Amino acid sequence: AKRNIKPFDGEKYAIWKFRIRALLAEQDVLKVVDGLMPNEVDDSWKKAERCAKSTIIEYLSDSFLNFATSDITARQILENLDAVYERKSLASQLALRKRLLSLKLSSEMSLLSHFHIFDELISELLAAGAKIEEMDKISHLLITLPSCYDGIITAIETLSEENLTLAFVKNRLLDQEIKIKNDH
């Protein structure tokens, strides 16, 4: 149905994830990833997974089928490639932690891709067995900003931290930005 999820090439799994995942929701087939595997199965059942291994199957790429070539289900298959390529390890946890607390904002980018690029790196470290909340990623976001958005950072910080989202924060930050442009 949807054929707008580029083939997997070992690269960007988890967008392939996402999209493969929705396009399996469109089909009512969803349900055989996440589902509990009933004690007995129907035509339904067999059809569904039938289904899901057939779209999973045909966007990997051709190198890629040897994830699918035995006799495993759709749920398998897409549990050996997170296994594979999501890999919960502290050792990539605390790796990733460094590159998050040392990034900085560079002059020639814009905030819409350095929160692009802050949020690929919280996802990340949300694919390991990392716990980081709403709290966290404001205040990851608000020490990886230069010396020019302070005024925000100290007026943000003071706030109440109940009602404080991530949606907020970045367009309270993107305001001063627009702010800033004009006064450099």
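Residue numbers count along the first chain shown, from 1. Compared with the form deposited in another entry:
Scanning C148, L121, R87, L65 for the location where one rigid part gives way to the other between these two forms picks out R87 as the hinge.
So that was the form deposited in one PDB entry. Now I'd like the form deposited in another entry, please.
For this one, just the chain is written down, with no partner chains and no other molecules.
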């Protein structure tokens, strides 16, 4: 019912496990993975085990189905997936942040492609575990721009103080890149 989980393919295991656990908790099945094993198994417990195993099988890619082929419970599958991918880092936060700080808008590139690159970098940083607020995102975006946008920078800083987000800043930046391109 929750088709918003990307199948696990060895990348971003923390997000996949979080979404899988949320989905299992939605179906009142997470007690199999988390709760203690009951002394006597009931029909409800067997149904919950089947549902958890089926969900994990559904949200595993064809390459990773070998983790569920053996007659093991969903708890064992998650334990193995943890032992292989639990504490392992997804990327280098310092490298990504160095790339982000070195980002600069080029004359040939338009603001749409630059915004896409900035969004990809920010999304990768946030997926890696870094915590970036909206103000920090805006500051990075503004420092990754040439000096032709100083007018809109001043206007945003002085006027839109209680109304600033990434979307509004990007919209204003595109609005004035239209004028900047016209004035060349």
